[PDB]
Amino acid sequence: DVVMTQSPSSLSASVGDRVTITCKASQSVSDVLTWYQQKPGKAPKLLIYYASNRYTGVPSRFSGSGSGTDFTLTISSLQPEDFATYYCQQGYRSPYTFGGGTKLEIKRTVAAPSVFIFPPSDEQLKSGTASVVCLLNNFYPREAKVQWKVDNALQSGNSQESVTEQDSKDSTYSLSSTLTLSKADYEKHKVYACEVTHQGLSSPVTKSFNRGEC
Amino acid sequence: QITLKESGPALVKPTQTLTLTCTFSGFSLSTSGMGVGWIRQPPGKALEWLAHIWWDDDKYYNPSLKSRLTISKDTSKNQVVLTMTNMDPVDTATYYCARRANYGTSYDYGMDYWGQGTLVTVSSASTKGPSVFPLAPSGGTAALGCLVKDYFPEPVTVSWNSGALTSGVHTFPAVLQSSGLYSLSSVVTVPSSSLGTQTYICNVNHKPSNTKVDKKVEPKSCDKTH
Numbered sequence: 001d002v003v004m005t006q007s008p009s010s011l012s013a014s015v016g017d018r019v020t021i022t023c024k025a026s027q028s029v030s031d032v033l034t035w036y037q038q039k040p041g042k043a044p045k046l047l048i049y050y051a052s053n054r055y056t057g058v059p060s061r062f063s064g065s066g067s068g069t070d071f072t073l074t075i076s077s078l079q080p081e082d083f084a085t086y087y088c089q090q091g092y093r094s095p096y097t098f099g100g101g102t103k104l105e106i107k108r109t110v111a112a113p114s115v116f117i118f119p120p121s122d123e124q125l126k127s128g129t130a131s132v133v134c135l136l137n138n139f140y141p142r143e144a145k146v147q148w149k150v151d152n153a154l155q156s157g158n159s160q161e162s163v164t165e166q167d168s169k170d171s172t173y174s175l176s177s178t179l180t181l182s183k184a185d186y187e188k189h190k191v192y193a194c195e196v197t198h199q200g201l202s203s204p205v206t207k208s209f210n211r212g213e214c
Numbered sequence: 001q002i003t004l005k006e007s008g009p010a011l012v013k014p015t016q017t018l019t020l021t022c023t024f025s026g027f028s029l030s031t032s033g034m035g036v037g038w039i040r041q042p043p044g045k046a047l048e049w050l051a052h053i054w055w056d057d058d059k060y061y062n063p064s065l066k067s068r069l070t071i072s073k074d075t076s077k078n079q080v081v082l083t084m085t086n087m088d089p090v091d092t093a094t095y096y097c098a099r100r101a102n103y104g105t106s107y108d109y110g111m112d113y114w115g116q117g118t119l120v121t122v123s124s125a126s127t128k129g130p131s132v133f134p135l136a137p138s144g145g146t147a148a149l150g151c152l153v154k155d156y157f158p159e160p161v162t163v164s165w166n167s168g169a170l171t172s173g174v175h176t177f178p179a180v181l182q183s184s185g186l187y188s189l190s191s192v193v194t195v196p197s198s199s200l201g202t203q204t205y206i207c208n209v210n211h212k213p214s215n216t217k218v219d220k221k222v223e224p225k226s227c228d229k230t231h
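Chains as they are written, first to last, in the entry's author numbering: chain L, 1 to 214; chain H, 1 to 138, 144 to 231.
Honestly, the hints are just simulated from the structure, not real lab data. One or more of the hints may lead you astray.
As the list claims (entries may be wrong) - Counterexamples of contact, computed for chain L against chain H with all Cβ distances above 12 Å: (1) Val15; (2) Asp17; (3) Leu46; (4) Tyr96.
As the list claims (entries may be wrong) - Now the in silico label distances, taken between C-beta atoms and shown as ranges: (5) H/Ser28 / L/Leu125: 53 to 59 Å; (6) L/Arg93 / H/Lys212: 49 to 55 Å; (7) L/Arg61 / H/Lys212: 23 to 29 Å; (8) L/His189 / H/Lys225: 17 to 23 Å; (9) H/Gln79 / L/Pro80: 38 to 44 Å; (10) H/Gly185 / L/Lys24: 38 to 44 Å; (11) H/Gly129 / L/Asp31: 47 to 53 Å; (12) H/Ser30 / L/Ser12: 34 to 40 Å.
Ideal Cβ positions, reconstructed from N, Cα and C, are used throughout, including at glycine.
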């Protein structure tokens with residue numbers, strides 16, 4: 001089969017930078033190459049057909065070039081909405097094959113997260129479990145550390161965090177860390193706190209509440 | 001307009017057979033140069049082409065999967081069907097269909113139209129609907150949300166105020182809990198002033214279990230605290 005080798009596998013560039021993505025075919029595919037832009041959770045959007053023709057409606061900053069084996073996708077001036085995974089695909093020979101993809105991240109200024117903490121709802125407590133949610137809202141870079149403290153005792157092994165993909169408008173990330181306890185465990189302690197350490201914070205930030213102390 | 005829509009079970013047990021359906025409008029498979037293909041994408045992995053069928057019933061398959069793949073079409077019903085046997089857990093992926101047109105000419109833009117995709121999970125576990133709990137807000146900005154807990158399999162769709170509220174919404178990717186059930190949350194940043202006047206309802210939808218939950222998120226009071 002025709003192997004499409006794409007590089008780099010991931011890239012972080014600033015708004016306005018000039019981005020070049022490379023796609024190398026293990027054998028000649030003429031100019032029958034396709035470039036896709038795919039947002040997470042969405043189907044790939046066609047950018048370029050026949051290696052160099054811009055699909056209708058694609059902004060002019062997107063251009064392609066090359067024939068044979070070496071191909072190039074060029075974004076003349078990177079934009080925030082350009083966060084995506086970019087794939088090359090040959091249509092010269094069946095089976096149609098794809099490159100590994102280039103995950104393009106937008107490099108922006110540092111942004112500190114807004115931190116919120118959510119005690120368990122009475123509905124869930126009635127059903128017998130208790131989940132405490134710690135929200136980290138709109139921060140950059142992605143690297144962040146969330147620590148749970150119960151009666152000021154450092155927790156471990158009983159929490160799960162989840163991060164959104166990069167925002168197509170402000171280029172930030174959001175994180176959701178959830179502490180899960182049984183109702184009987186939740187009622188054994190009073191102080192619940194999540195401590196957020198991030199680059200954009202001069203010192204760690206802690207949101208807390210006291211069970212039974214509204 | 002031109003559309004493509006994937007249909008099939010959200011859950012297939014191992015060793016069993018998956019059957020997917022692509023329904024389209026705005027074009028016909030009888031027209032010369034037309035065709036529909038299938039592409040799958042495991043979560044966080046690259047796109048992998050599966051099969052393609054042409055207007056003249058010419059069938060092409062991924063060589064490594066040909067022994068399991070069967071593609072067919074019904075032009076009258078505007079339908080393409082893909083059949084995949086001996087489903088393995090590694091076959092868990094989002095399955096897309098896409099269409100080609102004007103084959104081999106200067107107007108053949110490749111796979112320019114895709115479907116939304118349908119998620120198929122290869123697992124023996126049972127389907128389970130989610131429980132939806134509120135994340136109460138509490144004058145700058147405030148954060149409220151909904152907890153969508155203990156469901157299987159993926160996916161779950163969450164909208165706010167039936168799509169009217171999109172600015173500031175964060176729906177987080179689900180996590181497989183230690184119980185084997187999924188759980189996620191969806192939060193939204195809103196001004197504190199709106200809490201007294203504006204209503205916030207998270208529209209949770211879990212189609213594998215055919216469960217729909219509209220949950221209004223109310224500010225919490227401090228009376229009845231026992």
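Each hint tested on the structure:
1. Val15: holds, 21 Å
2. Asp17: For L/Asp17, whose nearest Cβ neighbour in chain H is about 25 Å away, the distance exceeds 12 Å, so it holds.
3. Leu46: violated, 5 Å
4. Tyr96: Since the minimum Cβ distance to chain H is about 4 Å, L/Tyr96 lies within 12 Å and the statement is violated.
5. H/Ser28 / L/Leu125: 53 to 59 Å: Distance hint for H/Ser28, L/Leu125 holds at roughly 57 Å.
6. L/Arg93 / H/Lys212: 49 to 55 Å: Because 37 Å falls outside the window, the suggested range is violated.
7. L/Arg61 / H/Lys212: 23 to 29 Å: violated, 38 Å
8. L/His189 / H/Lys225: 17 to 23 Å: Holds, at about 20 Å.
9. H/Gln79 / L/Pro80: 38 to 44 Å: holds, 40 Å
10. H/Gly185 / L/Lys24: 38 to 44 Å: Holds: the Cβ-Cβ distance is about 42 Å, inside 38 to 44 Å.
11. H/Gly129 / L/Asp31: 47 to 53 Å: With Cβ atoms ~51 Å apart, the hint holds.
12. H/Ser30 / L/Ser12: 34 to 40 Å: violated, 48 Å
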